[PDB]
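Engineer: The chain contents come next:
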Amino acid sequence: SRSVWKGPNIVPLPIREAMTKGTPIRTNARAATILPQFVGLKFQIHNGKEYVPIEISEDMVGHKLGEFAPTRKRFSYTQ
Amino acid sequence: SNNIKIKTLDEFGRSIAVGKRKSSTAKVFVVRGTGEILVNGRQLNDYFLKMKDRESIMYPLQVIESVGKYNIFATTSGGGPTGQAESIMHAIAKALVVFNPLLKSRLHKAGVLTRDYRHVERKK
Amino acid sequence: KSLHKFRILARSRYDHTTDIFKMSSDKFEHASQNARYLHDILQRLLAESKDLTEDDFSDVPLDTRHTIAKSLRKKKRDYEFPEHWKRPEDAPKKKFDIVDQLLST
Amino acid sequence: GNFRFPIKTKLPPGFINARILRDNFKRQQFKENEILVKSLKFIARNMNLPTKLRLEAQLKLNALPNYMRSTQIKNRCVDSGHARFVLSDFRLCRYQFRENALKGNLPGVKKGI
Amino acid sequence: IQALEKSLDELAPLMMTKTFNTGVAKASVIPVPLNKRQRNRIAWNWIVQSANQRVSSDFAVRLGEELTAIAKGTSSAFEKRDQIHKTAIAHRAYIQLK
Amino acid sequence: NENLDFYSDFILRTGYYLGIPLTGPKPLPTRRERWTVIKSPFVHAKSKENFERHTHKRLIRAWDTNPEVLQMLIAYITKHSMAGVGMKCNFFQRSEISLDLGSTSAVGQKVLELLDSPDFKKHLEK
Amino acid sequence: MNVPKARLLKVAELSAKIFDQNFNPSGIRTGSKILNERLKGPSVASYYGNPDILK
Amino acid sequence: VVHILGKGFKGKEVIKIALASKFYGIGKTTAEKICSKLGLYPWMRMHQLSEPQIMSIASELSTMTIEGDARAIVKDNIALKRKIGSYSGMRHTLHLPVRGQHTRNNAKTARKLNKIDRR
Amino acid sequence: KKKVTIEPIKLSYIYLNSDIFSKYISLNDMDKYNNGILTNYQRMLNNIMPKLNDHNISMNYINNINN
Amino acid sequence: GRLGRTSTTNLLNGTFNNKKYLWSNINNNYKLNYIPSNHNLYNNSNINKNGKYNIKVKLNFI
RNA sequence: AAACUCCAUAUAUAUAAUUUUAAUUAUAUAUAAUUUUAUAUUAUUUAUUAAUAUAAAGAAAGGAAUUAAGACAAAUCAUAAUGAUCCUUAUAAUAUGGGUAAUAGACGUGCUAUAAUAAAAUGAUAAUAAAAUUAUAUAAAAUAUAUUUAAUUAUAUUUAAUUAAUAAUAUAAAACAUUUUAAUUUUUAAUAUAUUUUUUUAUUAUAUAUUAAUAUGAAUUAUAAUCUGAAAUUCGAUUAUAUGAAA
Ligand SMILES: [K+]
Ligand SMILES: [K+]
Ligand SMILES: [K+]
Ligand SMILES: [K+]
Ligand SMILES: [K+]
Ligand SMILES: [K+]
Ligand SMILES: [Mg+2]
Ligand SMILES: [Mg+2]
Ligand SMILES: [Mg+2]
Ligand SMILES: [Mg+2]
Ligand SMILES: [Mg+2]
Ligand SMILES: [Mg+2]
Ligand SMILES: [Mg+2]
Ligand SMILES: [Mg+2]
Ligand SMILES: [Mg+2]
Ligand SMILES: [Mg+2]
Ligand SMILES: [Mg+2]
Ligand SMILES: [Mg+2]
Ligand SMILES: [Mg+2]
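Residue numbers (PDB author numbering), protein chains in the order written: chain V, 9 to 87; chain P, 140 to 263; chain H, 214 to 318; chain L, 2 to 114; chain B, 150 to 247; chain Y, 52 to 154, 180 to 202; chain D, 1 to 55; chain R, 2 to 120; chain F, 200 to 266; chain S, 333 to 335, 340 to 398.
Take these hints with a grain of salt, some might be off.
As the list claims (entries may be wrong) - To be clear about the criterion: a stretch of chain H counts as covered by chain D if any three or more of its residues have a C-beta under 8 Å from a C-beta of chain D, and this derived list gives those stretches:
hint : segment
1    : 221 to 227
2    : 260 to 271
To be verified - Computed list of chain V residues with no C-beta within reach of chain L, every gap over 12 Å:
hint : residue
3    : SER65
4    : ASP67
5    : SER84
Honestly, the hints are just simulated from the structure, not real lab data.
For each residue, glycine too, the CB sits at the ideal point set by N, CA and C.
Produce the entire structure from the sequences given, and follow the hints as far as they go.
Structural biologist: Structure (structure tokens):
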């Protein structure tokens with residue numbers, strides 16, 4: 009849990025183009041902190057193999073992009 | 140020739156001996172007195188809370204039946220209460236031989252003139 | 214009064230028990246540079262301690278808490294043999310040796 | 002003609018392997034950029050500065066290449082390159098330490114009690 | 150202290166039968182003599198078990214009460230001793246004596 | 052210890068002729084370093100070998116000597132030093148309270189440069 | 001403990017000035033630690049030895 | 002038996018300890034503040050309380066977030082995790098550890114308690 | 200970054216230093232033990248030194264010390 | 333080593353002890369705390385058509 | 001091979017201007033034991049002897065290292081190194097992210113616990129250690145916040161001394177004393193009572209449930225804050241409030 013006094017984990021992202029054009033933002037920065045500006049924008053977040061499409065809501069601010077792109081498949085046994 | 144010189148009382152009538160047990164060491168000053176004991180400047184009951192430790196210190200004086208005939212000023216460092224109490228015991232026995240060398244055999248027979256060699260052994 | 218102000222301003226660098234004021238510096242790359250730096254600080258501290266026109270810090274008592282902490286980390290053998298226990302009459306008395314007495318003449 | 006790393010670096014004088022080369026490159030670039038990283042970290046962590054300058058420094062820190070990261074330096078055996086159980090007193094792995102120790106190569110090392 | 154030693158000397162069994170796995174056939178129950186250190190262990194364990202049935206929260210109090218009752222004649226561990234001696238008297242012929 | 056003691060004895064002889072009162076060599080506590088290794092190269096972490104290194108220490112003190120003579124001692128014993136012996140020298144110079152002519181960090185400079193760069197000045201604008 | 005805090009703060013400030021120390025009475029995080037840490041670059045960059053060996 | 006807000010207490014129970022034991026959301030520190038506010042001495046027991054004092058405890062307890070209200074806050078925070086599709090929300094739904102614990106072994110308690118409608 | 204001197208010391212036999220002896224065999228005597236140890240090669244490695252009596256030499260040394 | 341399976345041949349000739357330490361108060365010393373002082377042991381390996389082979393020589397100087 | 005040896009232990013000498021102090025120490029050298037002596041008894045191959053006891057002398061009671069051979073063609077080509085064979089725009093090299101942390105069952109090894117011969121608090125002229133560590137550092141005291149008089153614990157601020165027998169990590173802990181402790185009506189309270197008064201006795205009230213989980217236990221989980229780092233989402237550590245499973 010990053011200390012609040014340090015601020016957000018800001019990463020270089022192309023937000024201006026996604027706000028003037030509406031294009032999805034494809035990114036591997038799973039550590040990135042979802043800033044309040046991101047709300048409404050569409051992100052494609054790498055999960056190690058694919059890019060998961062996700063739109064950001066107001067209940068996602070503060071969390072990190074990686075939290076919404078699971079990297080493992082649900083476990084199953086050959087019962 | 141030999142390297143042993145007769146031990147004698149010092150200028151103040153005190154017999155000084157050193158004793159060791161485990162990691163503890165004790166330097167005692169034995170003089171003729173009335174049974175007063177000081178451990179590191181503190182009363183015996185203050186420094187040693189366990190009565191068994193106090194009894195160990197008294198045992199050498201009990202063997203020669205001279206518990207009320209000497210004043211002991213014991214200084215000890217290292218280890219814990221048991222090591223220090225028995226290191227003082229060993230040192231008093233070694234210091235009492237100067238006052239009467241004829242009692243060494245009785246002290247040896249009681250086992251107070253033998254240095255205990257047991258120490259913490261690194262497991263092998 | 215100036216000695217008291219000097220000791221108050223030194224803080225942890227003064228040990229009341231020993232009366233020693235010790236300060237070290239390795240900030241610079243050359244020892245000569247560091248020697249001057251400590252010298253300059255000493256002159257500055259002495260000037261402030263000797264300028265009692267505004268404040269003398271006489272109300273402020275000397276704080277020794279730093280020294281107390283250091284003392285607790287060391288062992289203190291501050292006990293001496295009681296003087297009223299000494300028995301000078303039990304000390305061995307030098308014996309008369311004619312040979313040594315005769316070999317000296 | 003085609004160096005594998007963005008900046009030209011001199012080779013270590015002894016045993017060489019790909020992992021040693023990668024670790025050595027990171028070590029050299031950490032030294033070249035150590036002051037830069039400390040200066041940006043200062044600006045980003047100094048609460049007396051405005052938040053905008055603090056966030057700008059944090060962004061610049063996130064954009065530095067991985068070969069400038071102190072936490073990516075890993076001590077490896079200078080004789081074999083193995084990166085597990087490396088004694089820092091000799092910069093050798095346990096096995097190479099034992100072999101060198103028994104050959105009399107370590108200045109004051111002898112067999113224990 | 151004299152009361153404790155008298156109680157330990159009266160409660161401890163003099164002998165105890167032990168099973169020896171001698172031979173492929175059934176083991177033999179032969180009476181064996183006990184030394185004083187072994188006798189005190191048997192009697193002390195009986196005392197502790199009897200003491201731990203008392204109401205006091207403090208073991209010292211329960212032990213004190215148990216020792217007081219034993220010094221006054223009343224103890225349930227004397228039955229154990231009689232049953233160990235009965236078995237030994239039965240197997241007296243099983244003894245080897247060489 | 053062997054070279055250490057021999058070299059220490061030589062220093063005492065050098066000082067005597069130089070007129071330097073010397074004390075020692077006082078033996079200081081020996082430091083012991085220990086390393087435990089597994090004898091096998093791959094597995095078998097149940098058999099472990101022990102290794103150790105002992106640092107032997109000696110202290111020689113100099114008294115009532117002028118600085119120039121003390122430097123001659125250090126120079127001579129340096130010229131004729133033995134293998135595997137290290138030497139640390141603490142010099143004590145008593146001085147007057149007030150002397151005549153006496154006896180900025182890299183990071184700070186870069187911070188000022190960075191805070192003047194356009195990527196930072198563009199924000200500091202008030 | 002009975003010494004007024006104002007008096008003890010005046011001593012702390014003056015002492016810090018004489019000894020060229022940073023006086024931060026409020027306690028705000030200033031990053032001074034970062035500015036004082038030692039540079040480990042030279043030691044880290046020599047791990048594998050001197051590269052300018054005769055070959 | 003002393004009844005405060007439905008909860009039953011044995012007479013000998015110490016008030017500050019009993020309150021932090023039977024009431025959800027009240028711990029040791031919170032229980033001590035309630036007793037200090039009502040003038041109950043540190044080690045007062047339930048049987049000593051009078052009816053006016055039992056009503057005062059219920060009043061102070063009714064102005065706090067405890068029992069259903071406190072439990073609802075936890076159930077709603079867990080539901081929000083599932084609604085946003087966070088990794089943690091899925092763990093709660095799958096009855097798996099949500100705090101990084103390994104699952105190759107152990108993880109038995111998370112299998113019994115981790116759920117969106119957490120008790 | 201210090202003055203350096205090199206002192207080569209010549210040994211006239213290869214069996215006076217264990218290190219030199221091992222290197223010679225390993226690097227120069229391969230044609231003698233690559234098809235098994237030649238019966239002549241082994242014989243040479245057994246007549247290098249006369250079989251000195253260690254006991255009398257040891258006792259001669261101890262007598263000199265006593266003298 | 334291999335000089340298709342590794343083979344080891346051992347040649348042993350002479351003394352591997354020192355009697356100066358038994359008949360006299362002189363005491364032996366262990367080099368590196370595991371090697372006797374009289375004994376000097378060294379190993380050298382090389383590569384042939386088959387591969388690596390080691391030459392292990394041990395001399396006892398008294 | 002044993003041993004000789006080195007270590008430990010006991011003692012002696014040397015060194016330290018006894019403020020780098022632990023001289024009750026440090027570390028170089030040497031000495032000492034594989035103990036010795038007599039005495040009675042019991043056996044013997046009875047002798048110039050063993051097993052015992054007894055008195056006497058002594059500090060004397062413990063360890064180490066290494067290998068001689070051979071077997072498992074036992075482990076390792078992943079510490080590094082070699083032959084053969086295979087890849088050579090890829091089976092080599094670099095970057096970003098992910099994984100190695102998945103989870104039905106099973107197994108090994110640990111930790112914590114299931115309460116009264118045992119757990120929890122408190123103990124400042126500070127009960128009592130050893131062995132280590134600090135230039136790719138160890139961090140004192142003080143102040144601020146959590147937070148309350150203070151202490152305690154955690155973090156921040158600041159960075160004293162020491163690169164070390166000097167200063168720091170670091171006032172060892174258990175022990176011991178006092179207080180408290182569910183199950184337990186074995187308690188607590190109200191009156192009265194006492195030559196048990198930190199307590200006794202008497203009369204009332206103090207629960208019901210209950211083979212059971214408490215003021216035992218601390219898994220699980222919510223929320224907030226902190227630490228390291230460029231970065232803590234998968235996937236780290238710490239603190240506070242709340243949660244309080246199995247046993
Ligand atoms: K509660
Ligand atoms: K996991
Ligand atoms: K398991
Ligand atoms: K990973
Ligand atoms: K318990
Ligand atoms: K995380
Ligand atoms: Mg400083
Ligand atoms: Mg402290
Ligand atoms: Mg210290
Ligand atoms: Mg690392
Ligand atoms: Mg002293
Ligand atoms: Mg793994
Ligand atoms: Mg507990
Ligand atoms: Mg103390
Ligand atoms: Mg502090
Ligand atoms: Mg204490
Ligand atoms: Mg305690
Ligand atoms: Mg609890
Ligand atoms: Mg249950």
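Engineer: Each hint should be assessed against the structure and marked as holding or not.
Structural biologist: Going through the hints against the structure:
Counting residues of the segment 221 to 227 of chain H whose CB falls under 8 Å from any CB of chain D gives 4; the rule of at least 3 is met. Coverage of the segment 260 to 271 of chain H by chain D holds in this model, with 3 residues showing a Cβ closer than 8 Å to a Cβ of that chain against a need of three. Consistency note on V:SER65: stated as away from chain L, and its beta-carbon is indeed over 12 Å from all of that chain's, at 24 Å minimum. Once the 12 Å rule is applied to beta carbons, V:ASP67 is consistent with being away from chain L; the minimum gap is 24 Å.
Residue-level check passed: V:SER84 sits 35 Å from the nearest beta carbon of chain L, beyond 12 Å.
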